[PDB]
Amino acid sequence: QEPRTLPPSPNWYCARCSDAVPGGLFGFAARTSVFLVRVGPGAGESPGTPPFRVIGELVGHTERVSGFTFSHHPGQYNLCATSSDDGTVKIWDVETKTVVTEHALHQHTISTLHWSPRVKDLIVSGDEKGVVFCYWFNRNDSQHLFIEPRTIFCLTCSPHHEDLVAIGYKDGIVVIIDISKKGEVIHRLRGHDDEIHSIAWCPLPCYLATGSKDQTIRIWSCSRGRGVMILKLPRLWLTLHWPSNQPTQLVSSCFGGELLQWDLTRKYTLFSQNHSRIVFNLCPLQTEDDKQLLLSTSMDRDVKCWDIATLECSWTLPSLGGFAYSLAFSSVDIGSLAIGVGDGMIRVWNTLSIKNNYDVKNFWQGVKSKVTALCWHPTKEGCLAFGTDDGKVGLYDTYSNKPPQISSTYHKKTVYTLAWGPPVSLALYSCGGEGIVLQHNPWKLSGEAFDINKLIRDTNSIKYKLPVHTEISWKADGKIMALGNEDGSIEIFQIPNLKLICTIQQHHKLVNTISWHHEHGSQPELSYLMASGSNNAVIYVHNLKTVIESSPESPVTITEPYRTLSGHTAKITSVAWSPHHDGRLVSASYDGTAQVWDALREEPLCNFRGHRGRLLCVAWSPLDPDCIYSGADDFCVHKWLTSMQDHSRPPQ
């Protein structure tokens, strides 16, 4: 297939942090970025597959992006403006994905901006103190305005005269100002009782609409400054869209993210598959093929498309609300990719959706915190173990509707590893940051869970305190278990009773990740290859085929590696052997890259730099050999191709 991006959620409680220009380009603000989605025929997808593609990220802001508006002037649809809590308002070109200009005029946290419908280079920004700036970027000018000492929530330039701008406030007040008259208040619009969420001008000449947290929409005659009709709706963000096609109809959000189309001529109509939590923005987009769509962003972290002719949802783009901590592919369901997210939901992604590139199912029940580990049962379908940062281990029947089973036992600290292995029918092993590895019974998960350090102590000859275990990986045949430790040690234990056969002292810091090379290779000696990463940059590979066959009486110490992979410049969070190759490793690092290695020749192959933060996990696509999935603390998962990469090594 082609690349995909599982992007961060659109930001919440912003009057305008997303917009769309006609033809088919949609942009929404998410974390520190603006993500770009070409929507329509020009997105290039099979008739049946939803016509959208995430194509671009606008990279450059330092803190939360508070506002985003496109330039809607014909032949200039490629410009757009952003505001950010870093005090910046940047002008962007979407073809280059770069900044054209900016201004740090605002001395207080910006609330919103808006690109004038009439003046080709005028962007009007307002902050939480009530200060409004006007910025003409092609003429290099900047008019300062102060209207009143109140918290600006929204701001909409008039489509019908260059000088009028409506401003809504946290306390319900709405006013219309004139820039050419130095911010004079022309119309005070008295009526609202609470937070103004949106202001939409009538598209034909003038009237004016406002949605407020006081559960009413209001239309105003901006001539006689009076309110000529009030609409009460049947937790709330109340955003509006006045369609140019139906100048007599009006779209609004409603409780629970429900969307309405009212009739100006007490009457409403329902959309639809609907949103489940409050909706923040609504963006009209007319495709090349003349379809009238409307894009909606929502607290439920879905980005939905609506066909205004049918008022049904054409597709949904889901998003991630926290770090992508974990990626697990199922061996029973081949395309099934489990994602552990910091926002407390597991994502299972059918990466083989015949007619849907983002077929993702969320799992709310049971989980109530950062999912930091995941593992599929090797044989049972739908069987998915997860661990959290509250130390909770859990099991999940992902075909079922029903809330998961929780282990009666919690780890003291975060759950970083989960592996299935034989009991010491199949047992769940969970490792916590405190250093305990526990053995769970899936049959009776509420019962006793045995800390395996007691058997390690019984079956070996111990007179010291055991290490703090930080990572567990079983070998492919289910006969050798490796534990990584805080000191950097890795310990090799043999099948029935965790007999220790070997200790590797190669790392000098905490081990984060161990992976054994797969058995499906084209040669035996490879399944005994172990890859490991620690809080240091250098990755090691070790060849344990001697000591496992040697089956020693006493445990042996190893101080020399089989292969050394230097390149990364920060800790290694995850490593994975390619299932389609022999000795090909991918590694995720805190240096924000992922490196593909041919581990046998100590050769760097390619380096993925598409992430915007520290990487936490990597998983090879189980069917495409040049395709890999990544997860980082940028609230993203990228599905990228080895062959599309520009660099072979990690930076420095």
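Positions refer to the first chain, counted from 1. Take the two forms, find the largest set of C-alpha atoms that superpose within 1.5 Å, and that set is the rigid core. Compared with the form deposited in another entry:
Of the residues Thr379, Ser400, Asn138, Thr564, exactly one exceeds or equals a 2 Å C-alpha shift between the two forms once the rigid core is aligned, and that residue is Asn138. Annotation: Cα of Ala43 displaced by at least 2 Å between the two forms, core superposition. Comparing the forms between the two forms on their rigid core, the Cα displacement of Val94 reaches 2 Å or more. Relative to the superposed core, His611 undergoes a Cα shift smaller than 2 Å between the two forms.
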Given for the second form:
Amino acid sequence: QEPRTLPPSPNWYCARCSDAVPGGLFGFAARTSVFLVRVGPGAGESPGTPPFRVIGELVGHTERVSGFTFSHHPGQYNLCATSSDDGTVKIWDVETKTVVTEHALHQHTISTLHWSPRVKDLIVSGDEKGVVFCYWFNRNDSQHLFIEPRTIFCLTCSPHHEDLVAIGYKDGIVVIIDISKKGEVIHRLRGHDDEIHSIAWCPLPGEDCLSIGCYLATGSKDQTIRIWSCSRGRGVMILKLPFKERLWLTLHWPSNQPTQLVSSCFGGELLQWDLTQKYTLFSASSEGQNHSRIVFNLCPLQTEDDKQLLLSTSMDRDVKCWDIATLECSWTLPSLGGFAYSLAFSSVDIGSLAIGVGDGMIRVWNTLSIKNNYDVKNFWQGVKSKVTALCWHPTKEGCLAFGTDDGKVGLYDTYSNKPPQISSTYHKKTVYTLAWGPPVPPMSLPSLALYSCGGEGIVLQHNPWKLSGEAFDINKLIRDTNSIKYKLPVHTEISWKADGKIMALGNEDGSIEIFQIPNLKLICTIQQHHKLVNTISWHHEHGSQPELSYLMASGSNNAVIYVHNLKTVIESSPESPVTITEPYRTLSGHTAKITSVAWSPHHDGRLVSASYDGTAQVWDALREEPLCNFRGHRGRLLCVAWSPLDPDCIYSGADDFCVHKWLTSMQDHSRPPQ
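If the structure you just shared is the form deposited in one PDB entry, then what does the corresponding form deposited in another entry look like?
Below you will find a single chain and nothing else.
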């Protein structure tokens, strides 16, 4: 099949931090980057599914990207410009994703910028003190214009007149300045009394094309849209938004229908206004396709097959694409508002992928959905903290355990409209891991108990049918059974052998302990890692030889991954615990902490590892062979999960707020960077 990305959420409260060029390509500022989305036939997506894909990222700003604008000049649609709280304006080439050139002319926080629609190399930027810079990127010239001591919110160069720029301020002031006359103010458009969010020029020049020079429209926090006459410097029309509610009021003035005007509205609803008169709501016949929070940016995009689309960004973290002909939602791209901490596929709902995210919502992605490549449901009730751990029930459909950074353990019925059940017992620290296993005493004295491991070092056994009851610290059983007097290690990982007969605990000191049912008799201690154990995974039971099921891979804060073979020690069932000090296999190549390892269900002994070194490595573990290295994340990987359907496909999540679905066969590098 083919790669796919859930990207970070578009940035909020910026008058222009997204834009699109024909064909086409959509770009949106998110965090300190711009993410690029191919839209239309060029996307190369599965037939019958929405034609778009996230394809690249502009990396280099060191603080929030506040502004983004493409060059709309034929022959240079690949050029674009950004502004950032790092104080720079960068010019980029999207083909190579590199900085062409840049400036640091602004002495105050940049508000926005706009590529001249008329002058091929002109980018105009404005800051929160009211200073405007003109920048001609080819001659490397610039001009400083300090118009008014006033906080710029938005700026839009005229599409008709190369010298005229409209500027909108936090206090509701709107001016038109002439950049050839040292930024002289040509018009003061008085009327708004609160933030200007958007300025759109009429796409036709002249003032003989409207039922009541050039016309322009301004949208404001004051809940009105004003249309102005650029000859008489006065208002000619006021539109009042229909029903302190949130509002970002942005505009798009369609070229093919200049008597119409598109705006955002309360709640992120989109409206098409008839200027010859009043408004039509987008997606009126299924209102639920609308955004559910304020919309910030609207960007038209005409595909190479001449479909006229409109992309919208929103506080609700969805990017939506609208068919302007029908006012219907063509597709929705979901996005992530924090680290992708955890990934888990359900064994009983094929392709159902749960994602634990730092923004306090669980995503469930129906990855195999035929209608939609990003069929994602969001669960927030009872979550409300970073989701650091997940584990689907092994047999119960829709039953999902989750754990949070604040120590909470919960149980979701994802097929339902119900809030989750919360365990009355919390960990003191982050929930690292959840696993289902057979109950142990006193609980065993439900087919499966829920086990949770917290950062404080305790593993708890929860009864999924009595979560408001007490959870049990398994150390009490471990001590009893094994006659342990000493100070218990701090547990940092738990992993059940597939047969439910053997539990492995990883510890902060690097040790791995092997315990047997029914009473957790200690049969083995593995002393191989020298640092905290993050991840343990037992090989599946459906490989070509029974021996494979005794294989256990593990990763610590050191870079070297080990495989151990527990067949001898388990089958011997010793009456006093053995120590293993030698690995069955060693997998060297990463250069930082290993956060997660997972065996392919499709192969004998094929492992993928996620690392702080910013890569996922695929190994033929039994031959200690590095196969391929995925380098698509820009940050520390936190989780990895094999596709349950495709031997070639792996999903990974990182602290770059991204989930990538990628193919082992498409990777150029065989090993991690050295």
